[PDB]
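Before any questions on binding or motion, here is one chain by itself as structure tokens, the form solved without its partner chain.
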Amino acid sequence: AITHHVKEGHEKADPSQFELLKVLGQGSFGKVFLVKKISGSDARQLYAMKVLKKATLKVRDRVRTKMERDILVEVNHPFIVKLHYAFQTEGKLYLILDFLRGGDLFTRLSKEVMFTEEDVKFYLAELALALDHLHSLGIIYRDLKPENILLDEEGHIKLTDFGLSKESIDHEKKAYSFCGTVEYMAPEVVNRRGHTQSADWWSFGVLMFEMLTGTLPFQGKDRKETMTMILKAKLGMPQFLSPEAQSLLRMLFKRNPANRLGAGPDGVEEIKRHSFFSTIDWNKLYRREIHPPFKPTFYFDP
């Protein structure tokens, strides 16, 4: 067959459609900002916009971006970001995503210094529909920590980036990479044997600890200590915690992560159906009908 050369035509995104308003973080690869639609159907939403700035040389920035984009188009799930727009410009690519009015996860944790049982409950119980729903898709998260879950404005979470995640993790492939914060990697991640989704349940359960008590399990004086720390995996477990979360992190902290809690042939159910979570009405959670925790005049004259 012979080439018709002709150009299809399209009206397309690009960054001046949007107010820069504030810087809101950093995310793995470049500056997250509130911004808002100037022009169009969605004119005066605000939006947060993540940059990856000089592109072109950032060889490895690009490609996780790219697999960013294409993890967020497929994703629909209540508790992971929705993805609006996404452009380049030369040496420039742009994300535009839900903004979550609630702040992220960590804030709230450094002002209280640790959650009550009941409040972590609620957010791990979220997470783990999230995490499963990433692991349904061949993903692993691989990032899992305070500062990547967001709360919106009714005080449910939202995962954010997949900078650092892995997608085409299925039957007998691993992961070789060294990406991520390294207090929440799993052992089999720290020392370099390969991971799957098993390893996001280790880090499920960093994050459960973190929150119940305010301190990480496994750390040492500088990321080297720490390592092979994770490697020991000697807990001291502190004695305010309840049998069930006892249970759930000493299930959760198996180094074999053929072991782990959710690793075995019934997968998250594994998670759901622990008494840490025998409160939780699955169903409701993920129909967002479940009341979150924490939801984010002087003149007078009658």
Contents of the next structure:
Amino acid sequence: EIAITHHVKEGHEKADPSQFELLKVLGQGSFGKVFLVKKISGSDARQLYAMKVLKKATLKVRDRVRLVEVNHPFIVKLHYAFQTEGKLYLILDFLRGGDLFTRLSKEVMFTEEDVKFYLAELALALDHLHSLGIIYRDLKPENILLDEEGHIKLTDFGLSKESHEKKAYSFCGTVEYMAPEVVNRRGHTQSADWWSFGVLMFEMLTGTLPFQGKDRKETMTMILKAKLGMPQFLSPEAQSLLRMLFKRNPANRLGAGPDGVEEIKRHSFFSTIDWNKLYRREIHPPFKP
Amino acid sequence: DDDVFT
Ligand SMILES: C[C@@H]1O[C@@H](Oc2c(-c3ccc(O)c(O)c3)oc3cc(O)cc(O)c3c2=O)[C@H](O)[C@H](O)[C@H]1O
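Would you generate the structure of this protein in the form deposited with its partner chain bound, following the form solved without its partner chain above?
Every chain and every other molecule in the complex is listed next, the one we just looked at coming first.
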């Protein structure tokens, strides 16, 4: 079944179904049945939202690490999440005609030029979440959506497929995307997310995962100890970025220094990106949905 | 090893 992780901000005004006026019912393809709703009260009174009503889902609520919040071009937010009579209500940024990044990844072969675009928007999104106090731990393609124009929309919430004899865990993630210090349950600083960013990059460029074993135990061992062959068809710039992200010591990883994501934005792999034009949504995606 | 590749 599905587990949603809501990273709540300090002073979250908890909600309930009576706080939302119902406006439309949509079929949104991969998103299924979505309700368009209008917030009735509180600071965001009159705001329009998407609503999902899930019947078999668990809710986990976590504190951010950490002003009125502003929309980011490459993030969709979970604004409210509450349970009622066996139903889980999700109040989300409305994402008209959105789709899944995994759907695009299955259909296309990414070139380095393609990957530069998607990873650039994702780096802006991921760093913005860091500034809001959200560390992903197991950032993965399931967290990445695409809007109707083809731009990245990183979800600011967690989503896991968690299965009674099995004891429950407060954090259940996908091992293939977890940094070593996360695998060890010994650290989970924002630097862990830049390792996962590297896994994403590697998977986009090669269509394969860098660390994968027969079972979750062998994958852990590889993340901690394997020496990986760097694919030689990759450009010198792509190889350099992967090497700098795939440092086992989180303190030595690109993105972990004081300038954070700027260490990544300055890397030669992204040298063609105009980060201001990118933030203004003025650069067209390689694929249009 | 701190370096994963090479
Ligand atoms: C909670 C998710 O809601 C629905 O999809 C949405 C998702 C979504 C997110 C991550 C995924 O991996 C994924 O497969 C879907 O995200 C949304 C974000 C919005 O801002 C608005 C939405 O309506 C959805 C939205 O409707 C789908 O029913 C999905 O099966 C369910 O897991």
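In this text, rigid core is short for the largest set of C-alphas that superpose within 1.5 Å between two forms. Positions refer to the first chain, counted from 1.
**Q** With the two forms aligned on the rigid core, which of the residues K31, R250, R255, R273 moves its CA by 2 Å or more between the two forms?
**A** Single hit from the list, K31.
**Q** Taking the rigid core as the frame, does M211 move its C-alpha by 2 Å or more between the two forms?
**A** Result for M211: no, shift under 2 Å.
**Q** Any chance the CA of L241 moves 2 angstroms or more between the two forms, core superposed?
**A** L241: C-alpha displaced by less than 2 Å between the two forms.
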